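The data below hold one chain only, encoded as structure tokens and taken in the form solved without the partner chain.
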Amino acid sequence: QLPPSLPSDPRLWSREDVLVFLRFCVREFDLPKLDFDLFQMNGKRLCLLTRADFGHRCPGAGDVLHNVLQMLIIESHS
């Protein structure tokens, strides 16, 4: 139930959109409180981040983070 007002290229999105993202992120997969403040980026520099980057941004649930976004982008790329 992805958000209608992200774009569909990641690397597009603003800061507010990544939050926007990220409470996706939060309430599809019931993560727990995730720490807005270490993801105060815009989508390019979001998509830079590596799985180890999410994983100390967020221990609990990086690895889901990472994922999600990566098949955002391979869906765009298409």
Contents of the next structure:
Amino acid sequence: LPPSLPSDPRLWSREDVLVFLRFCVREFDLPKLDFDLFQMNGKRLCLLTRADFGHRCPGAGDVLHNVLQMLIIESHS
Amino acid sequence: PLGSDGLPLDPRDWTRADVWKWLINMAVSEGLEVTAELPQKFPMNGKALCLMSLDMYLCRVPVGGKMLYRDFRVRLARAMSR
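Switching from the form solved without the partner chain: structure of the form solved in complex with the partner chain?
Let us now look at the entire complex, which starts with that chain.
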């Protein structure tokens, strides 16, 4: 994804978090996301449980969560 | 490049629209009720489906979800043969 975003999502700013989500909505062809539900930095985004994501993005929250978790694993691997 | 069914041969090129058409075809093929709610459980494209584990399919469709997973994997497998 955008090279501007730091490798470790846990270090993302609030705006980095929004870029990631907008990129995901396009990349996965997701329905309009309610960004009011995601006004948070990377630290907190990464703490959302799968169910948390599910509530904020019904239908694809689990996919988004897994992608995010994978990006974290990756920031290390 | 589309297959017999109107769907692109490579599942990774599937838009959400393609995913929905594939779901409707699977319902018809498997003799499952064709409902508007089935596709609503999958508001995503093929790229997203590639990331879905069997567990995520069953969660959405407990009755028949494994056939969806199985069918998508078969399509993806032959596609990767590029």
